[PDB]
Amino acid sequence: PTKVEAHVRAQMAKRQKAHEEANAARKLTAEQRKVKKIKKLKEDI
Amino acid sequence: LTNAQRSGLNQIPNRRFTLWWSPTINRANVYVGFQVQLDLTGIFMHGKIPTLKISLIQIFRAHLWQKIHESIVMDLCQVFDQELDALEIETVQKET
Amino acid sequence: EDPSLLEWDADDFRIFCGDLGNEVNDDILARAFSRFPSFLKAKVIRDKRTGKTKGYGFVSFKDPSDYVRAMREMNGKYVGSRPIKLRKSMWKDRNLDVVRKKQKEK
Amino acid sequence: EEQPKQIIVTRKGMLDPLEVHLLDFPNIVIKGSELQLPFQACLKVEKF
Amino acid sequence: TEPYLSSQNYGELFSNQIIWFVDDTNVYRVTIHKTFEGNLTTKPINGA
Amino acid sequence: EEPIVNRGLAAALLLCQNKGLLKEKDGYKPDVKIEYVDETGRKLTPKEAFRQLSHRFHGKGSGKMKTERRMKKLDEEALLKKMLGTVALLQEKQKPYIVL
RNA sequence: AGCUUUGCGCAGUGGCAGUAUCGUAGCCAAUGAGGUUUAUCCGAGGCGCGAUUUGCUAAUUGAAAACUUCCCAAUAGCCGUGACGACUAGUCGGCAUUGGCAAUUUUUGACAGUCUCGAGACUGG
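Protein chains in written order, with the deposited numbering: chain E, 493 to 537; chain H, 1518 to 1613; chain Y, 369 to 474; chain S, 1855 to 1902; chain V, 1759 to 1806; chain F, 630 to 651, 699 to 759, 766 to 777, 782 to 786.
Certain hints may be false.
Here are a few chain V residues that face chain S, going by a calculated C-beta distance under 7 Å [to be verified]: (1) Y1762; (2) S1764; (3) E1795.
So the derived label-pair ranges between C-beta atoms look like this [what the hints assert, rightly or not]: (4) S:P1871 x V:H1791: 50 to 56 Å; (5) V:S1765 x F:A640: 43 to 49 Å; (6) S:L1876 x F:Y783: 24 to 30 Å; (7) F:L772 x Y:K472: 39 to 45 Å; (8) H:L1581 x E:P493: 45 to 51 Å; (9) Y:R455 x E:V527: 47 to 53 Å; (10) S:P1871 x F:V713: 34 to 40 Å; (11) H:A1603 x F:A640: 39 to 45 Å; (12) Y:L374 x S:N1881: 41 to 47 Å.
Read the hints as simulated data drawn from the structure, not as lab findings.
C-beta atoms are modelled at their ideal positions from N, C-alpha and C, and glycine is treated no differently.
Given only the sequences and the hints, what does the whole structure look like? Please build it.
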């Protein structure tokens, strides 16, 4: 019984890994947070 | 389902009734003969009983009459090959 | 391994049409799909020693964008005298069912 | 390989639904039992 | 209707043909719990 | 409960019975056996004996997919009847209730 | 810089799914739907009609369940016998097929079980 849900364990690891991939890209890497915090704080004086 | 399909679904028990009482309805005393032999089947149908024609065609569909005759012929020759020498038979011949 | 599957492939996609009228359609199918996607190759499976059509036929299209519109529009469309039924081609040959058997045990 | 081909119901009111729900498996045999086996004793052991 | 599993037919349980027993008695079970002043509850518990 | 007793046969019969594994004519008994078999020697179901008869009658057998299903079905019977408890015991001894 | 709220979108774990989820082009609806509780109070959708994609796999009937078969003929150890051949009526080698190959020296089984520290003992009542 360990073999079939070991396959599906590798596949759900693939699935959770793909969720973490789609969160890994589109992440505001290190400075896109900085430019969006800037465009939040720097108004249109 | 449609009104015509409900009609046909209620005529289904007439089909099983006609097929049930077929040996005494489809005889020659009951309907004087205009004996139409059923196609690819050895049944004669005294009287146009179209419900019985549909039921007996659906029984003998896909050449069941010829398959019955072929199976009986080949099983009988299987019997005659099983009992060849002890009836003093040289061989059998399934005729063409 | 029949030596006739190699006349359509250019990595192109094949639509499978079946339920076709065996009295006709030898080139009627080509005629009907011809407007879509420029001169192409569309066969009909007419078996030998008989000259009778086995039903099904394979129309190979240049695009899988072309394919979706063709499939959706000509599904059940009156062609010769029977409405065509459309599915995707199998081509389960040796080099893919060996891979399928290797994917079975994994 | 691990599916059974003979299934024995202890309580007699289950073989008739088992006939219905196992028509995908006509290879299996659904018989009743004259001997009933106390599997509520399995409930009585603390682990189960 | 198959011969029910008697005490003279149970010897067929142990040949090579794989056999299952389905005891469905303990599936739906309850506990009936009183407090004296007020009312009385019945808690459906898990079964097997 | 019966052991196959060494120097003894009858205990094996009491085991297998418990397990339920059991014109001037010629003048003679013609034991007609009418039997339907495939090429492998298996005793044939009358539905599939009629199917073999009708394949030979119509001259057109099954397709490829139904022959795949039928052949894989026959070796499913062959693989089944030629025989996870030890794997369950080894998985339980690794840690008792293997919940699926 | 970190925390965090709200709304929306994406994916994931789980749960639910015919008193559930929606469509509404027909009408009505914050210019108030719908209100028996608390009514000089509450505040959101309501009534009807109409619904409940796609891929994979299994199983059944059926002749056939849709991806480019059956049948006939022949070929693929020894003791005897027949010729051919070789060596002196006898012997030997190869070839061929017109009978046989479970009764002590072989190929149709004196084997099987037990016990003791590579070696022996016991039983087959």
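Here is how each hint holds up against the structure:
1. Nearest Cβ of chain S to the Cβ of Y1762 (chain V): about 4 Å, under the 7 Å cut. The hint holds.
2. Interface hint at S1764 (chain V): satisfied, since its Cβ lies 4 Å from the closest Cβ of chain S, which is below the 7 Å cut-off.
3. At a threshold of 7 Å, the smallest CB-CB gap from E1795 (chain V) to chain S is about 31 Å, leaving the interface hint violated.
4. Roughly 32 Å separates the CB atoms of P1871 (chain S) and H1791 (chain V), a value that falls outside the hinted 50 to 56 Å.
5. Our hint of 43 to 49 Å for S1765 (chain V) and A640 (chain F) is violated, since their Cβ atoms are close to 21 Å apart.
6. Between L1876 (chain S) and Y783 (chain F) the C-beta distance comes to about 26 Å, which sits within the given range of 24 to 30 Å.
7. As the Cβ distance of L772 (chain F) to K472 (chain Y) is approximately 25 Å, the hint placing it in 39 to 45 Å is violated.
8. For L1581 (chain H) and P493 (chain E), the hinted distance range of 45 to 51 Å is satisfied, since their beta carbons lie about 49 Å from each other.
9. The hinted window of 47 to 53 Å between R455 (chain Y) and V527 (chain E) holds, with their beta carbons roughly 51 Å apart.
10. For the hinted restraint 34 to 40 Å between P1871 (chain S) and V713 (chain F), the CB-CB distance of approximately 38 Å keeps it satisfied.
11. Distance hint check: the CB atoms of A1603 (chain H) and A640 (chain F) are about 42 Å apart, consistent with the given range 39 to 45 Å.
12. A hinted range of 41 to 47 Å holds for the C-beta pair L374 (chain Y) and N1881 (chain S), which are about 43 Å apart.
The structure fails to meet hints 3, 4, 5, 7 from the earlier list, while all remaining hints are met.
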